[PDB]
Amino acid sequence: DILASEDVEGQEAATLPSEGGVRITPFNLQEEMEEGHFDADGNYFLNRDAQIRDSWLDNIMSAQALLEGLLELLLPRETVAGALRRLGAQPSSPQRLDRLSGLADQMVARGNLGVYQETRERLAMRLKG
Amino acid sequence: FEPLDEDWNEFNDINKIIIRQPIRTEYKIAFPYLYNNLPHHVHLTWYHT
Amino acid sequence: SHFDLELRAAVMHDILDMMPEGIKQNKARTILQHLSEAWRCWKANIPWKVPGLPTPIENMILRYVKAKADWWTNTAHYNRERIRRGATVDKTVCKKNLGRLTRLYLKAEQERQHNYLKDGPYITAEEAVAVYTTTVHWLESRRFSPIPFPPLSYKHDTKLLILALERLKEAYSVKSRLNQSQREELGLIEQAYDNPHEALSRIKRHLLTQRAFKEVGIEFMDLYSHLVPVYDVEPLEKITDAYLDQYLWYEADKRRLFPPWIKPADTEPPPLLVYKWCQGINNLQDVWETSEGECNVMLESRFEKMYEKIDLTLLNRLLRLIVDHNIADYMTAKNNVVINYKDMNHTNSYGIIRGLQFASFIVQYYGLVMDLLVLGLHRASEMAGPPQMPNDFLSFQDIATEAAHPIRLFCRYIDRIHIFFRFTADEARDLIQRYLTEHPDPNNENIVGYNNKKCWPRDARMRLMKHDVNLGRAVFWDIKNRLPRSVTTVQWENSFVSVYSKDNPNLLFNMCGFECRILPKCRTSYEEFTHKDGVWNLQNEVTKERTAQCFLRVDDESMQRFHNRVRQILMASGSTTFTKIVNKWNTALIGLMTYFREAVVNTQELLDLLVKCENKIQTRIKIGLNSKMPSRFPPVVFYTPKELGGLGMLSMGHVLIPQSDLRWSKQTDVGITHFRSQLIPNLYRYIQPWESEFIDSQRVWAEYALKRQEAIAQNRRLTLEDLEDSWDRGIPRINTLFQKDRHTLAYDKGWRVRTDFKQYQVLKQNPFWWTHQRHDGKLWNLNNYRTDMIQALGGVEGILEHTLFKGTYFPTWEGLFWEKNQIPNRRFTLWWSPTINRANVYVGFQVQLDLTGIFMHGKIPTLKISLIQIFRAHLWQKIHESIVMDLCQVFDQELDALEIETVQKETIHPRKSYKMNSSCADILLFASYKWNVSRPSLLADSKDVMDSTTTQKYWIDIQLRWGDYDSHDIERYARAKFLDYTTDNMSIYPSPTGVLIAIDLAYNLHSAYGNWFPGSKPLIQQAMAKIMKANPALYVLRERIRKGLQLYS
Amino acid sequence: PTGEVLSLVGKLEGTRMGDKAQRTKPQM
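Sequence order for the protein chains is A, B, C and D. With the entry's author numbering as the guide, the letters of the first sequence map in order to residues 64 to 123, 152 to 180, 192 to 231. With the entry's author numbering as the guide, the letters of the second sequence map in order to residues 279 to 282, 290 to 334. With the entry's author numbering as the guide, the letters of the third sequence map in order to residues 679 to 1355, 1363 to 1505, 1527 to 1755. Sequential numbering of the fourth sequence, starting at 36, is according to the entry's author numbering.
In silico BS3-like links for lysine-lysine, alpha-carbon gap of 27 Å or less:
id : chain 1 : residue 1 : chain 2 : residue 2
1  : C       : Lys1180   : C       : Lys1144
2  : C       : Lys1425   : D       : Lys60
3  : B       : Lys301    : C       : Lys1132
4  : C       : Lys954    : C       : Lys1434
5  : C       : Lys1144   : B       : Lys301
6  : C       : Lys1290   : D       : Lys46
7  : D       : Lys46     : C       : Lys1294
8  : C       : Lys1320   : D       : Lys60
9  : B       : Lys301    : C       : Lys1131
10 : D       : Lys46     : C       : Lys1210
11 : C       : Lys1463   : D       : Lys55
12 : C       : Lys1584   : C       : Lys1683
13 : C       : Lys1199   : B       : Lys301
Pairwise CB distance ranges (calculated):
id : chain 1 : residue 1 : chain 2 : residue 2 : range
14 : A       : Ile115    : C       : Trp1134   : 51 to 57 Å
15 : B       : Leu319    : C       : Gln1450   : 55 to 61 Å
16 : C       : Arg1201   : D       : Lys55     : 35 to 41 Å
17 : A       : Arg111    : C       : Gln711    : 37 to 43 Å
18 : C       : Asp1076   : B       : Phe296    : 43 to 49 Å
19 : C       : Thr1497   : A       : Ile115    : 55 to 61 Å
20 : D       : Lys55     : C       : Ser679    : 55 to 61 Å
21 : B       : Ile304    : D       : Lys55     : 44 to 50 Å
22 : A       : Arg111    : C       : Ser679    : 18 to 24 Å
23 : C       : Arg861    : D       : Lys55     : 44 to 50 Å
24 : D       : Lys55     : B       : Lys313    : 48 to 54 Å
25 : A       : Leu66     : C       : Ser1343   : 34 to 40 Å
For the record, the hints were derived by calculation from the structure and aren't laboratory data. Backbone N, C-alpha and C define an ideal beta-carbon position, used for all residues, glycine too.
Just need the whole structure built from these sequences, with the hints factored in.
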């Protein structure tokens, strides 16, 4: 046997959750019927399905422009990572190294993976195609 | 450590045993086969250098 | 159970995957019908056979049934092994396991009865002739006259039929709702009451004529350790069997059939049997002298399978010597009937039906035949004495026939024998030689296999010297030789032999649940005499000096049965009331303590077990109230008697009532007065020990005998004037003389063994099996316990502060009554809400209900469902507005006496009545010219010195409270709220001079704190008295509380 | 004193068994 929501004689609204740091009980038996249930004699039974047990919860630029910039920043027969090595060898040119790293990140973030092992002629054929 | 009920007999009669010196635990540990009943998993200690 | 289902699916796949498609379409709906029927016929022990079945598929069905039978049997044995050791399990598991083991025991019994019918009688003719001629020589030696058939009118048949019908209706007086088969039995018993002579004619006709009987039903009583059968008999035969039982015991008591060693008797409880056995051990001729190598031997044993190994034809031949032959044919004919369990029928032909009415005679006579085999005819004749002058229990004719033989004490409880031997040196040597002649022992192996009592210390129990062990083996061999193994069988593994010698300073036995250790005075140290409970002091009859001591303990089986009873109590469902659990605990605790009176104190493991079980019982209620574990919980919730709304729980433990829980308060016209009123009284102090009970019993019955002898000669009848000095005293109680059924209860002989054998007839358990109140009287008093329990909790006013009583506005308690044994859980929780919903019970977590000022510590749904019903439909705000409007109508009149020019009711916000962070003024008074104000003081404070700070505006605020047991002092609460709300940057008050009035609803208290202008304080005191006596909204709250608690006057 | 019923082992020195046990008067 179980008690329904009509056998409560006088539930009311649930206006405010808290005031002054004190939690307000919402005066209705809705959440107790969600957590468990009642018998005919008014005892309460609680559901016990809490598997994980959760020990904290219980107590609370266009790509062609990028290619043109890389062809500007590459000497022929050299990879991009080798150009990073050469500009970083304080480095010799911090500004152009920063620009090359920015163009590399803007090409990585567009889906092109492995841009570091890319030669100048292959990027030129990529811009041509 | 945590552990890994004997009746009277003719054998353990205390009227036969001469109590002169109280037998301690280190006597049973130094010579583990002379002073011990059921010596299952004991190790022979190094004697002297 | 899923593995068995996968196995069945694999068997069905192996069956169906072999056959082709035209047979796959047929055998999917052909095999599955009788596949369950074969297992059902196996479970009902029916031989499975059907024509038109091929043989390999029949062998497949038999292999299926055999594999499921093995799985089912091992599952049932494992389920019994789980619940025997004490592992928790669902109740339906035990309910199915009882039926499984019931069917297995029925299959074993049906097999062994057919084995008896196949192998013939297991008794030889020569042993039968031996025991028959032995019984003939014994009954001719005593001149026993046989019991005659009651011819037409014995002139006692009416009283015996009344006693039989009372013993039949004794079982059905527990509950008032019965089944139809039980209503038919009560109707037959009432028709037997209405016409007694027709009932007697039916009884005598069934005795002289009837030999065929209806089938007897069988059930099993679910003990966790050992299953025990209960038999169900047709009532028309049951009336005749009960009358035969009564007539046989009443005739056998008059004809002196039973010797005085056969126990239980009607005159002694079993601890008195133990005490007289210890006195009989003490009072022998030089029993503890071992200067010349004498020995004392204490044998205790049990006749194994005494109930199952009685052949019925031999029983009839031995029974025809003492009664009429038609009576013996009726007693033999009832035993040969078909036993049924719900599908299973089998006839009985070997062993007696132990659950009959008259079967209590059959065990006691047949076991008498054992005494002629063990004790011998000469020694039994020396113990019992002549027929014209019989001896008393443990008494002899003279000292020479006492010491003439070694077998010198004997006792038989229903199937347990206790024998006590006295040997010399040469007799012990001869007996050991006669043992070692047939059973040599070259390796000294008779030490291993010796049953010994581990409950005592090592120097306290038996010391296993080789001579004493050989003497014990020889004693048990000499006793075992005297019994033919086809009739009865004793075993060493179920027996115990204690030896007292030079090497053994003390003697041991187990009898009537008591572990007794006897230790002489001359084998120990000096006089010192420190008094202990559970220590009986043994003295001689002649010289009356101390000779020995008797040490008492409780055996292990009693404590295990008690712990199984506690585990049965903790199998209560969620819908079970708390009072039923407490009543079961109280019944079990009285049934333990009032039997093991003096020995519970001596054993320490039982004293630990009682406290452990009591804490588990209290934890069962603590979890039932709230899911979260409380840090503290008051004992006054439990130990309050049921009259005052508590549970009435009995105490065995050390519980101390904490200080500042014995305080109470009361408000009257002069103000609020506080009052202040320790250990909970225990049960064992309110019960007399057995030794003082037996000495006082002998003393009061000697005095009654002398007063009766004086009253006969003076032609005087003894009345209540001469026996009011010794009421409640002695055993049987003197109170049993002054009763209405003297001539009725005087015809009831052999009632104690019948009360013991009720356990095979009634399905419920029987505490107090060892007594009957109409024959012994009442053997304990517990009104002093309830009196000291009410007195120890601080009085009735000290108890009622926890109980939400002052919210009901009753002036007294004495005119009140509860609406009707048992109290529900909601009423119990709403009654004890002020002492459960406290800050120091559920620590830290507190919330507030929406429309009230009620603080809920933790979360309690069973109290929330009542506090919604009491405070529904904004009753808090209505009470607040009613108090404000009534006080406004007070301040409206009497206008010129206070120089008031304008009273103004403030616009009250609808959330102001229950918000508690801040407040606002409610009633504002305007002074006509100017008002002198006093210092902020209490409502009852009369030492007021007024300042020169003349103000015009005055403010009155009304505050409500719903307190608990520790925080309900309304004076300090009103003062703290005044000093908080007048000294903060959030509350708004238009005047610096005012007053705050606080009303606590849970105890109905009221006070006020603040400034006072002249003439205001007596007016406000009388006005608040008039409001608290005559507010209709408070009356609605009080009548809703009285409706919820079901407490009336 | 957090509930917690205690054992009676060793906690009986001056308390006997028959003490504070009273008997009733005969009714009328």
